[PDB]
Each structure stands twice: as structure tokens, then as C-alpha cells.
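Form deposited in one PDB entry, single chain, as C-alpha cells, below.
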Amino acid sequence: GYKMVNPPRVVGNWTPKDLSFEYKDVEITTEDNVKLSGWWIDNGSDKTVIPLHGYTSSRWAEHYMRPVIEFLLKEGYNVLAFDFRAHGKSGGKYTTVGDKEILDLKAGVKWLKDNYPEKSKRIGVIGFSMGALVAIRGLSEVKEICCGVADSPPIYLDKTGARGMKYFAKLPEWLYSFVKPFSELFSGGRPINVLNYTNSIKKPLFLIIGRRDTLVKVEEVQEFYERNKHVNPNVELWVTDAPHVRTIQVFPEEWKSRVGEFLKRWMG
């Protein structure tokens, strides 16, 4: 098998300045002494939203991070966007499962409270794909987070891995060898699912799943929904017409609308 893996480390070439917003390059240190790299975008607000990227990307993720950051800033929110450990410019050598990414979220929140408590009286999180798993876990283990949005969160990580390799079946083995060390890590069933936090989450959660997501099924997300419904009356579910994490681009107006009113309701 595979002991430790890490997806290709990527860095984009756009800054909040390209969105006509000023920002600061900050450095957050986790409790296990890992140095994270990120952006602190002061928007003159008391509310801060933290976007969380997926397994293979970074804070620069052109397909959802850049649109969501521009969206949050124009709504008037402060934004803290950092690369997860072993991603982008952040510290750390191996991602593997990414179970320690919750520590990155804790450090980021703690950093906000320690340096800018007036700018983070309300803190929300938005996660995409694997980043949604961290955001979901954040609502359960991080008390300062008041609300969270989970876009396309893999419920059963093992099934998600097996559904991914099907697109490599008709293709040469050299192509599947790229993702094989990563797909086999989740297919075994060792990493913890988000179903683990269905009884511990008592905060507003916005679940977004695509009707055409072939990696994550709606009914799998619906299972998480009414599991948590017993404990949390503020969990919402929106079924979209987009594939995996593509809603924010393919249906941008409807995304910004529903997410906008979710945040507007729970961010104070």
C-alpha cells in the first residue's frame, strides 16, 4: 500500500489585488508547530468568513476559491484564506488523509481571535469538496465558528474513491498510476467520514450537493442531513443541477443568492 502521500503542490498567480481589494500576507502557526501561509483580507467588517479548499488545490483554486473570495468581499465580509498544510505555500510535507487539517482551521480561527477580535466577532466557514469535510468538522470541534457551508462533501470516502477510478478504466494505466496512490488510500475505508459528526453538530449548516455529482450521491448527503436533523434544527440542504463542486461557476447567481442569505441570517 501507501504510507504517506501528497498531491502535486500548486500555487496560482492571482492576489486579492486583482479583485480590487487590499490584503496582507500572513503566517499562521498551528498547535503542532506547522507554519501555514495565507491571506488576511481586511474588509472593514466585524464578520469573517474562512474559505477552505479541496484536496488537490490551494487558496488560489481558480474553480471555486477565486469566485467565492470575490463573492465574500463584495458582500462586505472579511476573508482569511490560507493553504492547508502540505498545500500551496504552507508548511508540512505530507497530506495523506488530511485528518490534521482541522488543526489548520483551529489555528486560523485562533489567529483571528488573538489579533483581530473586533474583525471576527462572527466567524463562518465555507468548504469545497474535501474542504467541506473540514468545515463540517469545524462546526463540531471549533466553538468560535458560528455557521458553515459545505459544498459537495464526500459522505462515504471509500465509495467516492471507487467512483473516481471508473473514469480511468478505459484509459491507459500510466494515467491511473497518477491517482492510484491517493484513490487506494480512501478506498480501503481507513479515513473517518463526516457521518462521525452527525450528533455533535448543533450549529447552522448549509449542505450543497449536485444532482449530477457522480462522486457524491444526493441520497448519501440526505443521509447526513436527517441524521443531524435529530440534533440540529438549522441544517439546510440544496440540491443543484451541477456536477462536483461546479455549482459556484455553472450556476453562479443561484449559488451567491442562497449562500448569501444563509450567511446574512446566521452571521449575526
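Numbering follows the first chain given and starts at 1. Note that the rigid core is defined as the largest set of C-alphas that superpose within 1.5 Å between two forms. What changes on going to the form deposited in another entry:
- For the listed set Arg190, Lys93, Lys74, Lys143, the sole C-alpha moving 2 Å or more between these two forms on a rigid core superposition is that of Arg190.
- Once both forms are fitted on their rigid core, the CA atom of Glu173 lies 2 Å or more apart between these two forms.
- Taking 2 Å as the criterion, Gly161 counts as shifted between these two forms: its C-alpha moves by at least this amount when the rigid core is aligned.
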The other form holds:
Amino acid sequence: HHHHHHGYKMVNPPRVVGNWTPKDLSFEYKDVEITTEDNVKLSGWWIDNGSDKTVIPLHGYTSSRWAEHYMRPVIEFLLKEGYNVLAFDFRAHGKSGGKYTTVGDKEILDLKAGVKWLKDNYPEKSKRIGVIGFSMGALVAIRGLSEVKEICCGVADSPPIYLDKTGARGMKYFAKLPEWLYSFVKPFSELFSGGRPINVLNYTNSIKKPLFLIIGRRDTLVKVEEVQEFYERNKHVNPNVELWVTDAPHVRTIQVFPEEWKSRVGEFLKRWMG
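Switch from the form deposited in one PDB entry to the form deposited in another entry and print that structure.
What comes next is one chain alone, with no partners or other molecules.
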């Protein structure tokens, strides 16, 4: 019977909020509020770097824009590279509204809302928009690259590909619960959150924009072979999809190999951000 409460808690996770701000990176910023199509109010930072290009970094499940080992470094990196940055918390994370997360489904509305906000309020600073996502954020980045015409390129670090397999592996990673418990709790999580299945490999047919896939060999959530499958399929229609296989755990390439990560992603963004 405790499956019910597990299912609820996994789509209504506790909030994680850090203490640092872009001022600590030496940049002025604005605290902003972004409203989605389905009326969720998101919390974020708008960091004007005087560019006509903006990059949107997207965080993982149970995390937030503050994540010390990947979000703080990627925001610091983007600002050093000279991009404007819009960094928001996904629904039900950090300081954002929304009771439930759907770990990649309705979160496309969060990204679409951020893109609309840029175009509505700062069009001159968002003539080009790139996305960089980690984990759940990497899935949303892939979906956004396909569905949102205003996004010109994307980086997907450790993207879930087989979502139920990754979901099951996630029981241990996020909650220290057994993998076998996933099939019992998932129907409750679905019921509470309204989250619907996503055919990720379908996006291998629709993405024709530059896409940089990163996957680590020690990732316990996503197999190299799963991301390799996405890559090989997409390369049939996309000459500019790339795959970088690293020796790191889940979303920790930027932590373990910071110089390598920033070098490869920096050059990718320079090539495709206009």
C-alpha cells in the first residue's frame, strides 16, 4: 500500500534551492517570472550579457538552476563565452510553481514559455537561441530542438532515451529505492501528474538542426548504447548531430572533465549560434 504515497512523492519532490546568484559570478541579473500555456508560474534569472544570442540551460529531475556540479559551471561558462542566459527552474522544482513534475512531458511547455518570454520582452537579445540540457533537461532540450522553431541548436548531456528503463534505474539513483519498485509506483505517478508517454526515438526523424549528444560510460541511468541508437538514427537525416562518449557518471562530464566539456560545447555553440 505504500506504493501510492511513493508515486505521489516522486512527482511532487521536495524543493532544492541554492544560495548563490549570478552576482557571485560577477554578473548583474534580474529575477523574472514566466507563465506557461497551462498557467504555471516559473521562477528564473535573466542575465543580460549584451549579446544578441541567448542560451537556456535546463536542469535535471529533483534539481534546480542552482545545481553546484553542473548548473553553476554551465552558467559561468555561458557567461564567459559571452552569451545572454535565461535560467529557470522547471515546474515543481526550485522556486517555480506547479504541484507536479512530469519529468519531460509537460516540461516542454516550460521551455516554450521561456522562449516566448525572450521573444516578447528581449527580441534584440534573443535573435538566436540555443539550449543546453542535463538529464530530464536534456530530454526537454531534444524535444525543444524539434518542436520550437526559434531554437537553432542544442546540447543534450545524458539524455534519457528509453524513458521507462531510465525511470526504473532512477528509483535507486534519486530515491535509493529498488529498481523493481518502478512498475508498482509508475501508475500512481502517472495518475497524479498527468504525465503521458513520449516516443523519444521518433525525434530522430524530425530533428534536422545541430545537436550535440553527450553520454558517459559510467552513467547508471542511461546506457551509451541507448544514446548511440538515437545518434545513428538521427544521422540519417541530420548531418550535424554529434556524439561524444566520455568516462564520466550521469551528468558529471562537466565536473570530471571541465576543460574538455567547455572546449567541445564552446566550439559547437560558436559554430551554430549565428
